[PDB]
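Given next are the chains, with one letter for each unit.
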Amino acid sequence: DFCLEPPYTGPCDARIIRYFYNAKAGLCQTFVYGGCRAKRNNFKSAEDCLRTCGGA
Amino acid sequence: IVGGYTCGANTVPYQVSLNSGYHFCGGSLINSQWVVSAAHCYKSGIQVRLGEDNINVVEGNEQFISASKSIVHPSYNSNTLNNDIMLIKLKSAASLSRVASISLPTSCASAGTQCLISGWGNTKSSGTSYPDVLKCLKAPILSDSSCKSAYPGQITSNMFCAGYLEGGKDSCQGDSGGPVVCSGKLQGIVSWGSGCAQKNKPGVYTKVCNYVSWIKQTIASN
Ligand SMILES: [Ca+2]
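If you're matching them up, the sequences are chains I and E in order.
When we follow the deposited numbering, the leftmost residue of the first sequence carries the number 503, and every step to the right adds one.
Heads up: the second sequence is residues 16 to 34, 37 to 67, 69 to 114, 116 to 125, 127 to 130, 132 to 183, 184A, 184 to 187, 188A, 188 to 204, 209 to 217, 219 to 220, 221A, 221 to 245, going by the deposited numbering.
Keep in mind that the hints were calculated from the coordinates and are not lab data.
Where a beta carbon is used, it is the ideal one built from N, C-alpha and C, also for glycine.
Take the hints with a grain of salt, since some may be wrong.
Calculated cross-link-like contacts (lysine-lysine; reagent style PhoX-like; alpha-carbon spacing at most 25 Å) [to be verified]: (1) E:87 to E:169; (2) E:222 to I:526; (3) E:169 to I:546; (4) E:87 to I:541.
DEER-style ranges, computed between Cβ atoms [what the hints assert, rightly or not]: (5) I:533 to E:203: 32 to 40 Å; (6) I:548 to E:166: 31 to 39 Å; (7) I:554 to E:38: 37 to 45 Å; (8) I:541 to E:147: 16 to 24 Å; (9) E:82 to I:554: 51 to 59 Å; (10) I:541 to E:86: 28 to 36 Å; (11) E:61 to I:525: 45 to 53 Å; (12) E:60 to I:548: 35 to 43 Å.
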């Protein structure tokens, strides 16, 4: 389950704010994404995040 | 920029901030209407901010101009990061002391050349701390040999390493797309690295000298 994976910033040096599902907190939170090599627990909005991972 | 110093208000006039509701990448002004940055910084709704020093408060020397076009290199590879370059056309031309363009290189720079890297990225290797003002760093271009030893099978002919093997001085999250200026010419674009300021893990940059022809022609036909 990719929804249980910790957020992955990656090697690129951008500061792009994305969302990831935090199973512990039971909600989607923001994190800094570097711009490349995103894993699946990386969403552009909280709504996408909840729709895909909510309740995982 | 980790381990750098405060540049000084508008001392790096070609430095721009790419804003999408917040600063997410840097870029270099190479023409009154064109900006060069990294392909991974591609985003819709980009607003380019020029003449910036403190990115958090309006100080009066700013010019905010939205992008009318964003052209990522046709051969950019999101997996290998090869050809990590993009051109952004401004909706209107900037008014060029505080805002000026930087020259494209006539030729490639050699290992050992000292360059100025700048940006509003994270200033901590372990942690998070984004500055309000622009930070600067002087780092030397490293040999293709050591770069390839630091990142086995990851360095292409279009990339170069710069920095210090000891660590402590490097570009970091929020610096992507920014300039690496050597001898007054734009030689690189901040691109990637393993963490920030790590020992034996220098920053990797897009080698601008290999794209001068593509840039000039692309600018002229758009
Ligand atoms: Ca400002």
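Results of checking the hints against the structure:
Restraint check for residue 87 of chain E and residue 169 of chain E: the C-alpha separation of about 34 Å exceeds 25 Å, so the hint is violated. Distance restraint check for residue 222 of chain E and residue 526 of chain I: the Cα-Cα separation of roughly 33 Å exceeds the 25 Å cut-off, and the hinted pair is therefore not satisfied. The hinted pair formed by residue 169 of chain E and residue 546 of chain I fails the criterion: a straight-line CA distance of about 34 Å is larger than 25 Å. With a CA separation close to 28 Å, the supplied pair residue 87 of chain E and residue 541 of chain I exceeds the 25 Å bound.
At about 38 Å, the beta-carbon gap between residue 533 of chain I and residue 203 of chain E stays in the expected band of 32 to 40 Å. One distance hint, 31 to 39 Å for the beta-carbon pair residue 548 of chain I and residue 166 of chain E, is violated here, with the actual separation near 46 Å. Distance hint for residue 554 of chain I and residue 38 of chain E: a CB-CB separation of about 23 Å, inconsistent with the stated range 37 to 45 Å. Distance hint for residue 541 of chain I and residue 147 of chain E: a CB-CB separation of about 22 Å, consistent with the stated range 16 to 24 Å.
Between residue 82 of chain E and residue 554 of chain I the Cβ separation comes to about 34 Å, which falls outside the hinted range of 51 to 59 Å. About 33 Å separates the C-beta atoms of residue 541 of chain I and residue 86 of chain E, a value consistent with the hinted range of 28 to 36 Å. Between residue 61 of chain E and residue 525 of chain I, the C-beta spacing of about 30 Å breaks the proposed range 45 to 53 Å. At about 18 Å, the beta-carbon gap between residue 60 of chain E and residue 548 of chain I misses the expected band of 35 to 43 Å.
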